[PDB]
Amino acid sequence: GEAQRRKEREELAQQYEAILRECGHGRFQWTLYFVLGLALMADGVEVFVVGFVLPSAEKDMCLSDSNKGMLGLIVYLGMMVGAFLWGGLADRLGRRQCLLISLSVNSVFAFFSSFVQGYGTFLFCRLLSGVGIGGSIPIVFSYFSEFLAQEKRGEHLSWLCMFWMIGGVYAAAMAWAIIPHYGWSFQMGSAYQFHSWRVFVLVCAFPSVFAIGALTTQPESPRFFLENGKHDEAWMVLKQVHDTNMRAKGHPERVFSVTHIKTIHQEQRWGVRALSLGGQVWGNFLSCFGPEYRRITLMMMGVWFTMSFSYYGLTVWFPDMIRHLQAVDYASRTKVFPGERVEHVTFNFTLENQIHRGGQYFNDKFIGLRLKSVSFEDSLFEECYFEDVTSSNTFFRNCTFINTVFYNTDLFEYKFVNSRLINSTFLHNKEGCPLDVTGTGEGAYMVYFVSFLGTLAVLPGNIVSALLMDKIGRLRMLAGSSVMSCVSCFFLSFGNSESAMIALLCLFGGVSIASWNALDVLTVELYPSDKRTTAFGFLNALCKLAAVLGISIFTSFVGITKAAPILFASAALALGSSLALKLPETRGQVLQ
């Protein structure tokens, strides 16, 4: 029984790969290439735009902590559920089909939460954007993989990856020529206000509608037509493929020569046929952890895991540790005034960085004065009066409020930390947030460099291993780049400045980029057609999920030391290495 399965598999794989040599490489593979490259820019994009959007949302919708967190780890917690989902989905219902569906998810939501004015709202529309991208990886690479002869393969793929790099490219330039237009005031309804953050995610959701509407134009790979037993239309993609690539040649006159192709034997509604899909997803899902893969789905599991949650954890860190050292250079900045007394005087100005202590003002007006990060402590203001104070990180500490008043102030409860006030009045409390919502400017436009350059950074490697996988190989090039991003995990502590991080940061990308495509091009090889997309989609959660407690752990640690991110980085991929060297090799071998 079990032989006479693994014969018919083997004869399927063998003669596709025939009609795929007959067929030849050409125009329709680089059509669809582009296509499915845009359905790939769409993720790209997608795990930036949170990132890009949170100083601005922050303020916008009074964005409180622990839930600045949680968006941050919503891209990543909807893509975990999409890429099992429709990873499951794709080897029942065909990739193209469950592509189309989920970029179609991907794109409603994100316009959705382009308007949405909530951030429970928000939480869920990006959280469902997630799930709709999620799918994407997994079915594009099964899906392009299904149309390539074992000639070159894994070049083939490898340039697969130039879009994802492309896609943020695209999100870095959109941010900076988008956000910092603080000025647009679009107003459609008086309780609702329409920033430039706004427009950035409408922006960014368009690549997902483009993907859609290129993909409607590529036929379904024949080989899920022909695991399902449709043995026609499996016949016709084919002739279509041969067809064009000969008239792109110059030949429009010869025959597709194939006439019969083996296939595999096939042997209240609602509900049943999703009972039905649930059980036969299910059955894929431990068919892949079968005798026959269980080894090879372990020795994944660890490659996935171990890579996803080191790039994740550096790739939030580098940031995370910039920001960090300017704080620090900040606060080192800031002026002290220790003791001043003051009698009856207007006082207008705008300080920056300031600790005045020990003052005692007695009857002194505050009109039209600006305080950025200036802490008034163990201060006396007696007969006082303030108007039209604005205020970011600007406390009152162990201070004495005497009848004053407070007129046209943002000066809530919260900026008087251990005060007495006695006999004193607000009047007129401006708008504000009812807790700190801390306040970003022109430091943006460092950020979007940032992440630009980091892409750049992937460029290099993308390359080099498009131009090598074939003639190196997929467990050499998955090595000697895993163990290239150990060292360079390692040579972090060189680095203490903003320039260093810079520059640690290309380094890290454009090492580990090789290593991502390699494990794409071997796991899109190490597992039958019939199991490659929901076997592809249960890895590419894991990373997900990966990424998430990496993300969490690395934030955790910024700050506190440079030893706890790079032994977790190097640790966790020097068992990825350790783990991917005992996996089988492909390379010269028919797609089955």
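Numbering follows the first chain given and starts at 1. The term rigid core refers to the maximal set of C-alpha atoms that superpose within 1.5 Å between the two forms. What changes on going to the form deposited in another entry:
For the residues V328, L467, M301, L453, superposed on the rigid core between these two forms, a C-alpha shift of 2 angstroms or more shows up only at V328. Comparing the forms between these two forms, the C-alpha position of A546 differs by less than 2 angstroms, with the core used for superposition.
After superposition on the rigid core, the Cα atom of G94 is displaced by less than 2 Å between these two forms.
A displacement of less than 2 angstroms separates the C-alpha positions of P528 between these two forms, with the rigid core held in common.
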Given for the second form:
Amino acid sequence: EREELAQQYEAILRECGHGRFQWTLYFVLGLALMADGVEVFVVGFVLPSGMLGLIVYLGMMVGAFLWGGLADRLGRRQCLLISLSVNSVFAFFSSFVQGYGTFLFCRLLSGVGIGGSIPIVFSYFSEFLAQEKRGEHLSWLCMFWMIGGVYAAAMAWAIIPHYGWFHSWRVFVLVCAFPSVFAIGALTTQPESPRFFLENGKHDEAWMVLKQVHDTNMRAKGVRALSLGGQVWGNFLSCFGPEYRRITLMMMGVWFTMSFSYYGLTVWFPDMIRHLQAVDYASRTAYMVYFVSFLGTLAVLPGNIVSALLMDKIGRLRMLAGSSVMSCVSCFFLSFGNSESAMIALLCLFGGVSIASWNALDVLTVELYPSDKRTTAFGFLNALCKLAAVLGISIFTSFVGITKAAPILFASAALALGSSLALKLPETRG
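Show the same protein again, this time as the form deposited in another entry rather than the form deposited in one PDB entry.
The following holds one chain only.
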């Protein structure tokens, strides 16, 4: 059977243990994750300055789907390189645009290019880990997304603290697209994931890559489209086979509900705080939007740190359930606070409580699936997560003049479903 390879692969990985290659690559892929976070922030609160920016999320959905499909048929480095090239190129041309009609098209294309940055990055770094510290390392890697969000927020506040409606978004977009260019430049000098080569049958190339990794670690101590179009459906439609069906549906449900809840709440908080400030002003009778939720992303890092060292001591399923429950209880408790500083503190707490669940999610998604679908399934789940994000943003933007209890209960129900499904997932023996 085409299954008795992971044993020898992990025996080799544990024999080499951990060294400096898994730190160099850690940072190289963290750069791409940082660029993805920068893009997500730019599309979230900076772009709508007319909340039609969800077309960018749709573009990122299509991108994540396509890149997840193509990653295992083109490798985890060629696909990542192409995705980051498309992103950087289009997000750099977005600064020489002439208005909105073409600017939003360029941003949509950049989103399509950068959608396949979380799935490929996480799978690629998962195929270089010893599996006894896999969860902790992946959780640490996740922090670069928050670093990217913080970087984008700081640059946006320092450069463009105003509303679009001589040139501001041009220089701002250059600064925001710098990280993707740096990620490409740093990633040009990495080897394609060895497990991909082993699955392709080119065991010689996989052995060469593994030997190069060992050398790096030892320093211390036309018709082609048809073939590549029907073959990606092999990875996807097989992800609904008898073996991986219940796992995949539960995974889809967890991703959908929890991403929807998080994105809805993160768009809600700045709006509700702004409305409260407006009410305070009436009581007398965007320079702060990049401070709000920027402090949230800064206060999330403690949660990620607490969810990284304990990611393996407790388990990759307990952690998930016990973080989803806490996230749901925090969403319920959000209504308790009715101020500005209190609301900011509650937002920071909720972010720090949900980041642990997110990290457990990303560890479990890459652990469950085999080498063949480790990226196709992850890309599909990320596309569904972005669909849920679009739905959450659209729903939560509507709730302005409606009582906060409605969004509170909506997010609480979504997180309750997420927690139930996560607790209902299979064990870690997969």
